[PDB]
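Coming up is one lone chain in structure tokens, specifically the form solved without its partner chain.
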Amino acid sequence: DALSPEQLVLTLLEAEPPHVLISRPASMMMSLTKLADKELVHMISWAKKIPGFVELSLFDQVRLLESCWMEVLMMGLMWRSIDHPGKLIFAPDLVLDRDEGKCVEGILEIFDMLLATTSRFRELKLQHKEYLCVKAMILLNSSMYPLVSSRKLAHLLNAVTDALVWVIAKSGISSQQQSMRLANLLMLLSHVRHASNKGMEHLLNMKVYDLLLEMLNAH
């Protein structure tokens, strides 16, 4: 019942992570990193509150959480940035506009993906409900392996899909449009995956992940 469309969205709403203040006393990169580390703590809490997540094997939970974290941080960036073109509201005291991304090399490229991708969610007029579901789906779909308890993950993923389908339906739009809007939302996930990979490759070319693994062993 807790996975029923209306209940599942309300459950996902309450599970939303709190505002994260980095509290600043290389640096842009220090701030971004200090934030990710803080956000990852709350992301674990969040996933635990998704009905049925905790009941997957700890193997799968860790597996999903290790491969999605970047996407899920990005999806959350996009969503709070959605109403302000040219900017990226990372946190309540860390708003960066595109050009501030020229400082650090390779980052301007990524900012432009996030901004482009945000722009597209603004064009589709992404709804608060739809976003709640999409984010859940990013986590549940983040790794293929734990799917090829697998029974359980498949059923969970279908659950959130149905909820998204349900959300779109009470939109009152025709059935052709319902399918199109489902398809348009899901194709954007390819682009969030994309920006996630760019940020990861870049993150590793730098001179959080270990801190995450610590949290994961703690989990």
Second form
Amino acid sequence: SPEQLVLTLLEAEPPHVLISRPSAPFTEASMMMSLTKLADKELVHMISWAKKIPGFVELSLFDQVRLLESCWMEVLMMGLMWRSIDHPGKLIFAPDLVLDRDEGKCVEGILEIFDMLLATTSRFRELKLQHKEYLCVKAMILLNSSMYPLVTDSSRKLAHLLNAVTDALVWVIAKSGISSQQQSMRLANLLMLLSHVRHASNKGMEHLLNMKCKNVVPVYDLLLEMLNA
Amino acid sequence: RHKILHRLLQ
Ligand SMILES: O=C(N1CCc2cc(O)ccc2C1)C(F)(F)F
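Could you present the same protein in the form deposited with its partner chain bound, rather than the form solved without its partner chain shown above?
Shown next: the complete complex, the earlier chain at its head.
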């Protein structure tokens, strides 16, 4: 139910992971080390976050697993863009890891990704994305992936959840008081951006799967696991 | 396979 759902999402927000720039100047290696060490740690907290979304843990294990494998980079990115929204030309990875767009030139393949994240972040800024809309949109990213039946009432339980979160977003948007027509346009403007997020995610995933092939960076633990696929 | 994910979900 929308007010309570939104409060839950609010209270579910994972902590900021703190990381710092290396002492020495960035190299392609040490930059990817920093961003993957960050991502790995944020993955750990993404799991706890997902478990706090009402109904998530009532889904079958395979369903929880597969939504998470499907959306994790999207969710890392969505949280990154939200942290960066008020800082044009920068990506706020952590309070002490603030990358200028040009620093992406340090790693082959990464500048484009930064540019996509930066443009999506500018689009959110232009729309004046509100904190409560960002909460619903992030939870929608988790809940809105293709499932196509696996071979293992969970899928019905998923639909009900995504419904509730979409309702919660429509309800958040109704608070602005704008015209019916403009409330529709805003919903569409927000949701159309889900594609950009998925598109950047895909480019991020492939970047990391390629780096992992080049041993351009060793990856560990949770991140390694998620990438192994 | 989701050797550690299973772990943290359960
Ligand atoms: O590694 C990449 N990223 C971009 C998104 C992102 C978001 C986080 O919250 C933490 C780390 C990272 C690292 C990618 F390959 F460029 F996509």
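Throughout, rigid core stands for the largest set of C-alpha atoms superposing within 1.5 Å between the two forms. Residues that one form lacks are left out of the comparison. Residue numbers count along the first chain shown, from 1.
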| property | result |
| --- | --- |
| Large Cα shift (2 Å or above) at residue 143 between these two forms, core-fitted | yes |
| For residue 188, CA displacement between these two forms after the core is overlaid, in Å | 0.4 |
